[PDB]
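The chain below stands alone, shown as structure tokens; this is the form solved without adenosine-5'-diphosphate.
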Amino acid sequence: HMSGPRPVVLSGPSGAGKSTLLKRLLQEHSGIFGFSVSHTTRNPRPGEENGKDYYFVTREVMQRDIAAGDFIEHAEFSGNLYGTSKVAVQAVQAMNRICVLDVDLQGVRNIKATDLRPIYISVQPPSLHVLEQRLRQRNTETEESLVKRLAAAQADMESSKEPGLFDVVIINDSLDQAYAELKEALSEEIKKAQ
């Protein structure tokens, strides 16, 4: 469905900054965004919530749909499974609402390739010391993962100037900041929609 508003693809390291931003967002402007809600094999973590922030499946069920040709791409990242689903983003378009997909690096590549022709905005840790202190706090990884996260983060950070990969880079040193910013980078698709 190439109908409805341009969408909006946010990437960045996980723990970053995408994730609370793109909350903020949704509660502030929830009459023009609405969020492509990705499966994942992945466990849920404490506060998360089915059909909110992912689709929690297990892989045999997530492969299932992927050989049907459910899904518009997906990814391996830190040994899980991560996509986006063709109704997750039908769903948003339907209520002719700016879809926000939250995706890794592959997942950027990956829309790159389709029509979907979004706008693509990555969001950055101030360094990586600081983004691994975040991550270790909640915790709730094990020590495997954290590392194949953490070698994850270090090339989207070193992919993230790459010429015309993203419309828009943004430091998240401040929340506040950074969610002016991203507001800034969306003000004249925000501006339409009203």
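Numbering follows the first chain given and starts at 1. Just so we're on the same page, rigid core means the largest C-alpha set that superposes within 1.5 Å between forms. First, how it differs from the form solved in complex with adenosine-5'-diphosphate.
In a core superposition between these two forms, the Cα of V61 is the only one among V168, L128, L165, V61 shifting by 2 Å or more. Once both forms are fitted on their rigid core, the CA atom of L26 lies less than 2 Å apart between these two forms.
After superposition on the rigid core, displacement of the C-alpha of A88 between these two forms amounts to 2 Å or more. Superposition of the core reveals a Cα shift of less than 2 Å for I119 between these two forms.
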Given for the second form:
Number of protein chains: 2
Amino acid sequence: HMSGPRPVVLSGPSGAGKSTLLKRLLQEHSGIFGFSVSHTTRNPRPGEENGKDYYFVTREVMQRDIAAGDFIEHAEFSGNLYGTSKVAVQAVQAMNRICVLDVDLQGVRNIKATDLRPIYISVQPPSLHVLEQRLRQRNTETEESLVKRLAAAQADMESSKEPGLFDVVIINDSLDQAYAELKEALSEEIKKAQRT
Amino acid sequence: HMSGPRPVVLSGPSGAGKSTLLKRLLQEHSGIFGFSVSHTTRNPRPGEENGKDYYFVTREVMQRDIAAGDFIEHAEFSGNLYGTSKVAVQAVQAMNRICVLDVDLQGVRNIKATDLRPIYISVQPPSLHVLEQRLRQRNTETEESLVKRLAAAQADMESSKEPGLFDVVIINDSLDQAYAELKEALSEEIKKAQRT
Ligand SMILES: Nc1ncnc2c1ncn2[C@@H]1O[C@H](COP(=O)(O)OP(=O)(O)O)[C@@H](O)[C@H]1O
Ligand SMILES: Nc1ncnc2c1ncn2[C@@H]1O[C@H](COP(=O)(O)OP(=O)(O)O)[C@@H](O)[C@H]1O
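Starting from the form solved without adenosine-5'-diphosphate above, please write out the structure of the form solved in complex with adenosine-5'-diphosphate.
What follows is the entire complex, opening with the chain shown before.
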């Protein structure tokens, strides 16, 4: 396989606090975590560097490895392909870093079908009303999108109860509380990443 | 029918500028536009008032008028129903106001099936790259959600070319330019709303 710390799959409804928890996790563990570099077929832009911003490849090569099952997520628009390869995730693992995969539910099931063996964590709000208060606070939603988000979050919370889907489900009632649970769930992989 | 100004249906990819255009439209035309008040079956919260924040009704009543085809959009979570009724839209029209319907593509087709006769306007970015620059600027997206938004916006731009779907398609290259086109498209309904 690929030796190194197991990746972490982070999922949950938008606005529940998984970004706030992740930012604190990174700021308190520099050199421990990493993010996979995406593949694309579009042209590089000023300042971009291969292997850091993207892996720049041809459409023929990218399509070949999509068919080979490498890509846990991929999309296409304006004739250019984009995606995240399991090989790019293993490349972070090879550097003795915990690769962080912040994905929705469809991404979880795509990762479940690969040879990757990550830890699956769901960050859920304590209630739909708290999530509504959270979403109304950031002032990003119409009435249509706010209600659509709350309804979609309900199905997200319900699918989180599916047996074996997630290793850890964190209810973000208190942030300091939720963050401590996140660290404890990752404590063994953090220790492995702390090795040379 | 219901006499008064025709409602306006505003659609387009998130981040293309339809909220910025709408805010300027409201701030330069007070008393001219209005927003429909939604129906819900949930309990009122502190400070909320019937007929202003929501129309509070029973589940039996709301289900009856959903089956009657009143609701251009509706959703349910935690045992409570939410939705926008064509009657609430006509109630804004009855006050000689232009009712603003800011909805996605599915909302457009739901409105198309009612007795409402609004003006259908699509606000599109000049390119997907401009939209990406716009989305990256507001710092709300993961890499997964950013690419998903760009791909979804491509299908949104493509469906905007569907014959007869939209009365006006506004390409938001320059904001002052796009806003002037928005005012001109609504100039006759604004004049009607300016009548007593
Ligand atoms: N721990 C928390 N307590 C209260 N509100 C929160 C918390 N975390 C997030 N929010 C609200 O949710 C919004 C976005 O949450 P975020 O941290 O991005 O979670 P996610 O990554 O799941 O969207 C924030 O603007 C804030 O208003
Ligand atoms: N006219 C514009 N020119 C440049 N950037 C814009 C413009 N309108 C919107 N944006 C970018 O898009 C983001 C949100 O756009 P918004 O006005 O909410 O459009 P929408 O309502 O379609 O989401 C803004 O934070 C801004 O970065």
